[PDB]
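Trainee: With chain A's structure known, arrange chain B on it following the hints.
Spelled out from the first residue to the last, the chains are:
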Amino acid sequence: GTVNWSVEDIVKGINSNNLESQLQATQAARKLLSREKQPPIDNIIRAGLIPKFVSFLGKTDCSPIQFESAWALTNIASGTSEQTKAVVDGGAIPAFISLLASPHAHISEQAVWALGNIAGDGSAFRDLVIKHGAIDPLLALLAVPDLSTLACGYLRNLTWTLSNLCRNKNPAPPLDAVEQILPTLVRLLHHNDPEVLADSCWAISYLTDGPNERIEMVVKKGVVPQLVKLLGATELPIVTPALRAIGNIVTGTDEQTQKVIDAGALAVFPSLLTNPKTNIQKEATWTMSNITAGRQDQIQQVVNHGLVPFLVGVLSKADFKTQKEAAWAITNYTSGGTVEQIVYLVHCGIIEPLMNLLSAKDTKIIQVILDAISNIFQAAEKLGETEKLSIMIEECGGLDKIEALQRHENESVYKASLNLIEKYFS
Amino acid sequence: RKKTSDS
Numbered sequence: 008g009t010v011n012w013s014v015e016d017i018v019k020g021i022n023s024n025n026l027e028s029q030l031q032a033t034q035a036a037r038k039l040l041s042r043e044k045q046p047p048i049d050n051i052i053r054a055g056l057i058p059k060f061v062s063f064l065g066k067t068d069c070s071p072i073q074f075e076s077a078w079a080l081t082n083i084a085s086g087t088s089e090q091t092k093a094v095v096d097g098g099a100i101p102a103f104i105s106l107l108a109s110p111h112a113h114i115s116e117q118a119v120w121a122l123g124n125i126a127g128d129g130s131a132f133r134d135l136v137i138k139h140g141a142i143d144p145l146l147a148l149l150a151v152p153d154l155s156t157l158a159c160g161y162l163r164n165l166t167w168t169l170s171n172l173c174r175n176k177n178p179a180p181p182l183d184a185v186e187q188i189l190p191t192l193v194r195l196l197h198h199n200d201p202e203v204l205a206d207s208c209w210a211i212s213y214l215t216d217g218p219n220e221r222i223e224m225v226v227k228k229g230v231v232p233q234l235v236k237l238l239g240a241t242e243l244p245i246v247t248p249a250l251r252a253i254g255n256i257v258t259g260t261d262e263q264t265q266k267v268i269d270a271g272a273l274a275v276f277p278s279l280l281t282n283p284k285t286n287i288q289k290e291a292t293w294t295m296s297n298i299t300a301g302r303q304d305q306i307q308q309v310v311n312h313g314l315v316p317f318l319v320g321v322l323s324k325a326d327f328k329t330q331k332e333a334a335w336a337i338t339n340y341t342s343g344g345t346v347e348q349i350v351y352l353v354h355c356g357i358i359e360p361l362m363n364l365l366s367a368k369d370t371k372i373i374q375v376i377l378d379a380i381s382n383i384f385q386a387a388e389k390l391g392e393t394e395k396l397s398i399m400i401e402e403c404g405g406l407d408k409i410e411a412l413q414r415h416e417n418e419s420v421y422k423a424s425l426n427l428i429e430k431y432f433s
Numbered sequence: 045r046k047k048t049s050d051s
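So the protein sequences, as listed, match chains A and B. Here the numbering used here is used: position 335 in the first sequence is 342, and no number is missing along the way. Here the numbering used here is used: position 3 in the second sequence is 47, and no number is missing along the way.
Hints listed in this document are in silico derivations from the structure and should not be mistaken for laboratory results. Treat each hint with caution, since some may be false.
Stretch-level coverage of chain A by chain B, calculated; a stretch enters the list once three of its residues show a Cβ under 8 Å from a Cβ in chain B [claimed, not checked]: (1) 79–86; (2) 114–126.
Here are the simulated PhoX-like pairs of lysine-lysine, each with C-alpha atoms no more than 20 Å apart in a straight line [what the hints assert, rightly or not]: (3) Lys46(B) <-> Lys19(A); (4) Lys236(A) <-> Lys266(A); (5) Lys19(A) <-> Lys92(A); (6) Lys38(A) <-> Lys47(B); (7) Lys47(B) <-> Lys92(A); (8) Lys59(A) <-> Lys19(A).
Pair ranges (Cβ atoms, derived) [said to hold, decoys possible]: (9) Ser130(A) <-> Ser51(B): 28 to 38 Å; (10) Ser51(B) <-> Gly239(A): 29 to 39 Å; (11) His354(A) <-> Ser51(B): 56 to 66 Å; (12) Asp68(A) <-> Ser51(B): 22 to 32 Å; (13) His415(A) <-> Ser51(B): 51 to 61 Å; (14) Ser51(B) <-> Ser342(A): 46 to 56 Å; (15) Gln303(A) <-> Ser51(B): 55 to 65 Å; (16) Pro316(A) <-> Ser51(B): 42 to 52 Å; (17) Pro47(A) <-> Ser51(B): 42 to 52 Å; (18) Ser51(B) <-> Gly98(A): 19 to 29 Å; (19) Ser51(B) <-> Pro58(A): 49 to 59 Å; (20) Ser51(B) <-> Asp96(A): 21 to 31 Å; (21) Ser51(B) <-> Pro244(A): 18 to 28 Å.
No residue lacks a Cβ here, since even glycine has one placed at the ideal position from N, Cα and C.
Just chain A, with the same shape it has in the complex:
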């Protein structure tokens, strides 16, 4: 009967000179800390029980108390940064790394979980876990010919902990640690378990969220095709991280973006840009805006895949944040595209939704829209069709909005709107 003990009784049992009494009190603490309703983490810390639990982690001759203390410390480290710090201050990191080699699978799994919570606190504890040498034993746990031989929950916890070791920035994980972990991540990215795939994609998304040198590290491993395949998955928990990773990769060089295009990613965007989940639509439009900012042949690839109508649709109706990303994609398109591509964009019906979005209350969207207008007008000038475009913008009510923007707080807004009125409507 280790249910509903008091912290006083737990302290009494742990302070006894009896290993079994300590085990029973530690189990009672674990059950207290594993309750969904307000676990008394702070009361357990104030009682000074963390050093005892950490010392129990090293009792190799009593694996049950090792497991119970590891579980208790895992739940303590799952709380606030101060509580995770309390666990780290007790010396738990090296003790958990030692437990990673335990012959009992459930004890090593608990150690993996605990290290995941500690690393997940932030960059400092992540790097400290790495400095204590956790990556080597962690990856050794996955050194099997077929990952399907490992228990499902075991593999899921290992993947989650590895993802936390790739997470957080300022600073990002050490380059050498990323190179150490990446091959195992690639292997996990081909596992059939949805949660393992979701956490592997999340890890890749963390690693691709950075400079082009970090993006290049990931792309060199040839994971882009697999990311695109997972981008076409049905499980939203997999698509979300895969889209974030692909979006992070297209923020890099035009050659890295091209590697994304060559894998067939654009063929999936018809569904992503119409996805019922607002965040998928927003992230997809943000990826498109970073693709339309590339070379003209890449804009042409966007055109050939029939994605301009989908951008027009998102600009016409979507969450405002998605509409903003679409406005960005249009401005990038018009800034880097040919006259023929900018003419095709107009022929697809961009002007009317572009105008309708000039009634928004966000200064940035208005600047973005008005810069796309300028680019389209420049293309019209190059074609000598400025009057046509002028008539079109006037027929849909854009003229009134631009004239009304001449009297706007932001200076860039009234100067550009006044330059447009004077250069094309006088």
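Mentor: Quick look at chain B alone, frame taken from chain A:
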């Protein structure tokens, strides 16, 4: 992201 082990 941290996870509490409830069971």
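Trainee: Compare the structure with each hint and give your call.
Mentor: Going through the hints against the structure:
1. Remark: the stretch 79–86 of chain A is confirmed as covered by chain B, as 5 of its residues place a Cβ nearer than 8 Å to a Cβ of that chain, reaching the required three.
2. Proximity of the stretch 114–126 of chain A to chain B, defined as three or more residues with a beta carbon under 8 Å from a beta carbon of that chain, is established by the 4 residues found.
3. Among the hinted pairs, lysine 46(B) with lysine 19(A) is inconsistent with the structure: their alpha-carbon atoms are about 30 Å apart, more than 20 Å.
4. Restraint check: the Cα-Cα separation between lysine 236(A) and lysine 266(A) comes to about 14 Å, which is no more than 20 Å; the hinted pair holds.
5. Simply put, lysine 19(A) and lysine 92(A) have alpha-carbon atoms about 25 Å apart, too far for the 20 Å limit, and the pair is violated.
6. Distance check on the hinted pair: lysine 38(A) and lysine 47(B) sit about 16 Å apart at the alpha-carbon level, within 20 Å; holds.
7. With a C-alpha separation of about 16 Å, the suggested pairing of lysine 47(B) with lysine 92(A) holds against the 20 Å cut-off.
8. For the proposed pair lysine 59(A) and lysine 19(A), the alpha carbon gap of about 12 Å is at most 20 Å, so the pair holds.
9. For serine 130(A) and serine 51(B), the hinted distance range of 28 to 38 Å is satisfied, since their beta carbons lie about 31 Å from each other.
10. Separation of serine 51(B) from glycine 239(A) is about 34 Å and conforms to the stated range, judged on CB atoms against 29 to 39 Å.
11. The supplied range of 56 to 66 Å is met by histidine 354(A) and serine 51(B), whose beta-carbon atoms lie about 60 Å from each other.
12. Look at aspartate 68(A) against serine 51(B): about 27 Å separates their beta carbons, and that is inside 22 to 32 Å.
13. A beta carbon spacing of about 58 Å between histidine 415(A) and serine 51(B) agrees with the range 51 to 61 Å that was offered as a hint.
14. Between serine 51(B) and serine 342(A), the C-beta spacing of about 55 Å keeps the proposed range 46 to 56 Å intact.
15. Checked against the hint of 55 to 65 Å, the pair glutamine 303(A) and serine 51(B) passes, with Cβ atoms roughly 57 Å apart.
16. A hinted range of 42 to 52 Å holds for the C-beta pair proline 316(A) and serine 51(B), which are about 50 Å apart.
17. For the pair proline 47(A) and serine 51(B), the supplied restraint of 42 to 52 Å is violated, since their beta-carbon distance comes to about 18 Å.
18. With their beta carbons about 27 Å apart, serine 51(B) and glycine 98(A) fall inside the hinted range of 19 to 29 Å.
19. Between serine 51(B) and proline 58(A) the beta carbon distance is about 26 Å. The supplied range of 49 to 59 Å is therefore violated.
20. In this structure, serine 51(B) and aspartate 96(A) meet the distance hint of 21 to 31 Å, their C-beta atoms being roughly 28 Å apart.
21. One distance hint, 18 to 28 Å for the beta-carbon pair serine 51(B) and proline 244(A), holds here, with the actual separation near 21 Å.
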